[PDB]
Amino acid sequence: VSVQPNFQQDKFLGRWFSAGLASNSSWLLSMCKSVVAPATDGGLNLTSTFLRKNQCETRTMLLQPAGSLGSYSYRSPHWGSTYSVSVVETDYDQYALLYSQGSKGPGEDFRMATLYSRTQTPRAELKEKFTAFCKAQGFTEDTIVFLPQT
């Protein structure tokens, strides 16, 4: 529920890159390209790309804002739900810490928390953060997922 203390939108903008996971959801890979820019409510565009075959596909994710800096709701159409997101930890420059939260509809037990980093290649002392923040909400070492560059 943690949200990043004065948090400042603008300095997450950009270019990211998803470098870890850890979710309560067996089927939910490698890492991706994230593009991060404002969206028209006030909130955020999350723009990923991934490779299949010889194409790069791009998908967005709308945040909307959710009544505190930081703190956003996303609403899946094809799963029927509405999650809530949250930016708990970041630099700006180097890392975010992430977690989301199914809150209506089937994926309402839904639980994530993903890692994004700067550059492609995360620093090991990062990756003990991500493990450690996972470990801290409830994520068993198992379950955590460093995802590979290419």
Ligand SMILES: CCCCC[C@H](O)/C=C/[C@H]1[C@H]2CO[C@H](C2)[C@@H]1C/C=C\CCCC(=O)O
The other form holds:
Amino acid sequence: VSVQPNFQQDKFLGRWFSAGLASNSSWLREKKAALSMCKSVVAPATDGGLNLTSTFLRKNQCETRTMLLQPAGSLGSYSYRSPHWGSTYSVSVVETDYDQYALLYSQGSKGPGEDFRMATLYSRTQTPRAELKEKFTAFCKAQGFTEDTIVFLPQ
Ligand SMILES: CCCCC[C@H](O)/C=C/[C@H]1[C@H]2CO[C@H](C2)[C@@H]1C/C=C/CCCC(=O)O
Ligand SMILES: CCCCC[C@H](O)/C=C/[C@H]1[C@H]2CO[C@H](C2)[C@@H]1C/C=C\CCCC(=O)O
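Next block, the form solved in complex with the named molecule, ref. the form solved without the named molecule:
Full complex below, order starting with the chain above.
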């Protein structure tokens, strides 16, 4: 449940790349071969939290999705409501140096997705260095993910 100490939301803004993940979703343990690195743009929201705008390629086009991360009452901690999945999730920035990487941890808080748990690696570049990949693997292990649940996302 750790949140980056002295979190500076303004320094967390801008362009990130979703470079790895690990989850307890059976769906991932199966459908990981199909997942690709996505760009995610982080900007402040009207409520003092964050809008996360992610893009991915389908056929000839780059689709855009936005997720509102509402502040959850300590800096670096957020909540996300998924109407499609009838669930709310806690999202925490556990660790970040702002300029190279962030380690995020998301967990179900309300609704049928309550059980859900996911670690995410954000990278400022599309090529995370080996030391960062090692950091993420170690982070995921600390969170209870086995090796075959950890996925590094190809560019
Ligand atoms: C960086 C973390 C955010 C990534 C989310 C990303 O924008 C969406 C990825 C989609 C497409 C690529 O793999 C599949 C298709 C994935 C399906 C995700 C659907 C989310 C629906 C629930 C919701 O988020 O409210
Ligand atoms: C067999 C039905 C479950 C589908 C499996 C699916 O890949 C899992 C999706 C998870 C993750 C994405 O949004 C959350 C986290 C979802 C929660 C899991 C099941 C939702 C069940 C919906 C319901 O029962 O009302």
